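First, one chain by itself in structure tokens, the form deposited without the partner chain.
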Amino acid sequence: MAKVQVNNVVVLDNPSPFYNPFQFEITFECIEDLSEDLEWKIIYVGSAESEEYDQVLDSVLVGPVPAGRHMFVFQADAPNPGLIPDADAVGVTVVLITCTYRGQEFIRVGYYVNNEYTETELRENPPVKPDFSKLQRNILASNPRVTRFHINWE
């Protein structure tokens, strides 16, 4: 059906400090030489309230993509705290990995991210202003939400 199929996503350096870059080791396979590059994005949801707080941590092209099975590490910078609503800073949100071909998204892998203080003192009494230097990010890598879209591969 679709020329590209994602075989697996391994979440590296997890858990880790909120400031560390996201590191995904992706494995996907191409059923037939693509004429263009694949475009991958890592999107962090600052708040579920509005998409207006989505942060595209990074956008990269992968290519060339000859038919076969392939693997690469998609690394991106940690979101900018200054753009994250205080109330959504500590707790759970989501981070998305999407892939698009010829301007059309065909796959999207969402993960829940849990940002908590490891320091029991702070966990008991969280500061009004979230302290991201002391936050730990735990990508819940066991339960990935995979959504596939039907696009025109030409």
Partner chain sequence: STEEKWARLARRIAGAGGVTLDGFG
The other form holds:
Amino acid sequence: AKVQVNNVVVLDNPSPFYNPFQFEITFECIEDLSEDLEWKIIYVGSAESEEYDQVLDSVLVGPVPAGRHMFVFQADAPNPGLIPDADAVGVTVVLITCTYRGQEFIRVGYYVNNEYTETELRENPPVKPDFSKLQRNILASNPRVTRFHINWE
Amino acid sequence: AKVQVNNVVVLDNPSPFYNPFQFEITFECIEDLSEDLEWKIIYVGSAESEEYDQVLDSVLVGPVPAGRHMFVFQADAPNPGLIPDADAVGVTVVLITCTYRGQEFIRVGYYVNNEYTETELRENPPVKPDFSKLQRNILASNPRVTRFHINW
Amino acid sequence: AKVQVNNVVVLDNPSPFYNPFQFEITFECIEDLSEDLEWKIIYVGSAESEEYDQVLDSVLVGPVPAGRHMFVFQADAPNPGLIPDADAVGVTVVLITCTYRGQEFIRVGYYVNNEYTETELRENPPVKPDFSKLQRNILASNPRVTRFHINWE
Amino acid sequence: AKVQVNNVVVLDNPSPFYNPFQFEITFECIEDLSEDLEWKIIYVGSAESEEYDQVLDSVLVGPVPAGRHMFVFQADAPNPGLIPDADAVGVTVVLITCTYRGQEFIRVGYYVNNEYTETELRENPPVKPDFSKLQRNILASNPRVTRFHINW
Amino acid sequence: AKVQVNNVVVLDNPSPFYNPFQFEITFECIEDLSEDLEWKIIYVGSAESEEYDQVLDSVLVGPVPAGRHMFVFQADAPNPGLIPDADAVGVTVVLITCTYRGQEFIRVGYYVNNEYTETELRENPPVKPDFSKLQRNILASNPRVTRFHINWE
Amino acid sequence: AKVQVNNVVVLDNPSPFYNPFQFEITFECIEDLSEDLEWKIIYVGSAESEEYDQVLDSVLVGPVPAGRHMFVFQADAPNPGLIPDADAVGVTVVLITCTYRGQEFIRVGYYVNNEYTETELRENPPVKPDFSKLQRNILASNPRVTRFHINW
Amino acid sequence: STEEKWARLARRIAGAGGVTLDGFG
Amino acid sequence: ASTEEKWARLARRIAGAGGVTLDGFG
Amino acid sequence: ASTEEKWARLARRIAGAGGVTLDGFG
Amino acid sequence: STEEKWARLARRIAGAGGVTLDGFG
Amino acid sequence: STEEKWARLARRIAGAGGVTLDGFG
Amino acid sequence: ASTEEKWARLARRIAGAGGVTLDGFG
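Given the form deposited without the partner chain, state the structure of the form deposited with the partner chain bound.
In what comes next, the whole complex appears, and the chain from above leads the way.
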């Protein structure tokens, strides 16, 4: 692999559901890259179907010379209108992927717990989720990191 | 890969069920291809069985020189007589595939939501689907893109 | 692949259950073959078990020189005595395979719908299927084509 | 593959359960083999577990020169005391395998139907199977042939 | 493969549950080995979980010169205190594995039937198994032999 | 493989739930490694989901010269607040992994039994687990060792 | 089930180890 | 059969087999 | 357990694993 | 089921054809 | 089930990634 | 869900994926 992800620091966590995602990403480039790296933040709106995935942001990083690199990757909150009611409250997943020449080489996944903070709403959740009262808590202590063999050319 | 699909723009979306599909496809050719590229639009009439697929259109593009290319891929609506009643209303998928030398290298998939727009129809859906009243809404914000390794 | 199947035209479709299968097959040979191609027509008598497959016909085509080739592949109807009653009426599969030196490189499958044409029999199907009244309708608009990597030697 | 199985002819079929299996096997050797070919006949006594397999016979053929070869492979009937009662009457399978250098390159499988021929037995099958009254009918019209890649 | 297992003869079979396992193993070495072969006898105490496996014995054989070799592999009976009650009576598995440089190249498995021999205990098995009255009968007529591709160096 | 794990000795076993894990690890290096070896101790807090993993400790060993090496790998107890009530009492697993160049080549797994030692607690387990009264017993007699192919 | 039947027929059509496509063509 | 089985069936149709499916081109 | 599961079990015994099963030699 | 949901989320995290590890790091 | 038990024992016998045969021999 | 499913889940965690799991080092 020409690119190695050293760490992902989860920032502004926990946060209100409507607040942006912020990740500080540190990566090492073993040798100069002529093309760009494409990073994405993907929110899994529903464990039941990939139909509910939302690409929250996508960014091109490059040209990338050899050495250690850092950047803050920000993304707006998911659109609640595309989240099924049954999945809104409870645990879901947020993904950070990076591709080089259309090929995914790394996937970082975090479990995300969306819950009410009010004892009232927690015990008796409304049928129609109240997103303005939901707190997103990314489980930053447990990053799930997957690497994939790709053609670095 | 000698061919890379850069983007697919979904056009005339949403539309009545009987209206044609329209996709603007942009792709890049890394080097000159001696063979043709074969594009298809495939409508999955039923999640339960591949028996209900409708290849809506198929097109040969080529010879393909190196560089950037764009084209509008149109296809007629699926035949409602081949769609099972249980699958007509609700979610299904539409695919866009491209082959080189008869080998599939790209598959672009979109979830498609077919629903009534009329309040009375939405609340009380007829047993026999009324296709003339269904609206097709392709979920263009979520393209699912699959690349396959082929022999170029 | 030294052999590419260009098309299969389904002929005499639909037909009475007892009538023969007829397929017009067009294929291209990229370079001369010293051995024969073996084509088969296989009727899946039952989705529940491969025990009920019936090889309806098998044919040797060759020696095959380079260029485009066409032939009509005919096969007799399946034997109804080997078809389970539960599978006789409804949808099943018919396959066309080709091997080169014992290796299958192509499989063409068609869904086949066997139904009564009489409103009477359609609504009230007899417990013991009446094959003389069954119509076979091959779904020719949907060929399912599978190619397999083989050693062309 | 240095060895190709051309055909298997099922002989003395159908037969009483206690009668031997008989298969006429034809095969082709592409070049001279320095090692032996090991053929086996394996009776699956139970679809529920491989614990109930009975290797009925095993034979070494070799050295094998290039060219065409034929032989009759016979095997004694399976032991009924090792067959579970629930599997005795109905469908099971028999296999013919061949190894080279301890590597399986061919597996030929036949479905086998074991039934009573006596009307009273057929209608009212005993709880304890009566093997002396079972007829074995190998489905010879449907050989299922599996080739495996080996190191020749 | 530099090592080929020719046969395993099961000895002192059947036996009381507390009696040792005894296997006569014959193997051929195609060419001299500089390192040792490691043989193990593994008793599967429970089909429900690998937690209940018991390695009964492990032995180093070597240096192994080319040619045919034989040895008697003995192992003490499994510890009944580690066998779940639900698995004690009935069929289980015993395994013989061999590794070369930490890599498993052969696995020989036998079904093992543990049963009471007394008509009384057979018909009415106690809730707490009576291991002193259990007979182990290895199904020696049906060895299940698995070979795995390994790096022979 | 440039690194071979020879043995893992489980120490201070069994222990109170809050006491640290202690493993004596012996390994062999076939040639000098230019990179570091990364060892981890991972507690599976729940068989139902990887969400409940606790990496208890992580350590960098290196540069590693050729030859035999031994070290004691210690790790603090898992956080009980992150363990689901349904998983607290009964069987779970603990893992020891080692990576080279970010590639996992060895995984050592132990089943862990967490139970009360007090008779009244054993017979009537509280709804809210009492971690101060749980005993952790690692099944040290059954290490489950998985080797993976990596790029050395 | 009715879905299991469909999946069984699809497996017979596809065989194993290949790439199944709609049409030739 | 179930609502989840329908979703999984549609996802399999989208992905085909032997490829790598990603969200977007991007 | 079921009649279908029996058929699938017999088919697995016929095929073994890692091979290509065809109807006939042919 | 609740377990099926967890398995579905784990599949989304892992994707396919890779090696998933806890942490980087 | 009783069949699940048999399948579990068969998996223990076979391990994974190999070719299982009846006998040596 | 069941007691067996729990055991299988724990075994998968022990094994990871793409490796060869053995009892002992040995």
